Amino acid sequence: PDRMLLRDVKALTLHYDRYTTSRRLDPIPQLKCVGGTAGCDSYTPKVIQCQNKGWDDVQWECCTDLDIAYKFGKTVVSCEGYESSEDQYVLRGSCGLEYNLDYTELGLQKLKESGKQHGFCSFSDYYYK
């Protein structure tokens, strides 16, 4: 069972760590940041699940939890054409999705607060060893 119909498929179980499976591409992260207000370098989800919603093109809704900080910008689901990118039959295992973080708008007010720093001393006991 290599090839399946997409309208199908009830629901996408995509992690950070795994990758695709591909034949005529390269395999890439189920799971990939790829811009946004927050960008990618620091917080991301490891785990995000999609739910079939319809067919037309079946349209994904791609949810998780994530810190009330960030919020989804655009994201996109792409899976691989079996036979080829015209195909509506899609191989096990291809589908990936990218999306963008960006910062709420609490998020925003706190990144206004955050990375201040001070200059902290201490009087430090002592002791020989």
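In this text, the rigid core denotes the largest set of C-alpha atoms whose superposition between the two forms falls within 1.5 Å. Positions refer to the first chain, counted from 1. Compared with the form deposited in another entry:
The residue among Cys62, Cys79, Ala69, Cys33 whose Cα moves by 2 angstroms or more between the two forms, once the core is superposed, is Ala69. Comparing the forms between the two forms, the C-alpha position of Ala11 differs by less than 2 angstroms, with the core used for superposition. For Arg24, the Cα coordinates differ by under 2 angstroms between the two forms after the core has been superposed. Core-aligned CA deviation for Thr104 between the two forms: 2 Å or greater.
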Given for the second form:
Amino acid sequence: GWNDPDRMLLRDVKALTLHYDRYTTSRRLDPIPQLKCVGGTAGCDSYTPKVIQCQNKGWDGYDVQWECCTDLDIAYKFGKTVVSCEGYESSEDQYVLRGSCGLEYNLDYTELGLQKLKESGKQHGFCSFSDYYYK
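Any chance you could show the form deposited in another entry after that form deposited in one PDB entry?
The text that comes after this line covers the one chain and nothing more.
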């Protein structure tokens, strides 16, 4: 229904700001951290971001295509990343619950980082094109 509280069309979400110490909203599932390191060849004990911004590159009429950019040591990159929001009524819903979106990322060594296995102190801007998980 068009007055259903906290109901938003996923394809029209333009951007996200995700915090490591905040939880997602959830009605059907279970709140999770908005921003979570879930693995990687460098592990989640290396530097981890506290906030990540993601843009929906298809917000102006197309399917969702999340791009999440940050600055990391040149030793590191994001591996696979996954954005996921809670479908309002089900995982098949094109409407999602406001506040329910979150990012999971893996923190890998780059091919240069694998040579050294520690931080260089030099940084690079890096963008991940996330896969989307329907839930």
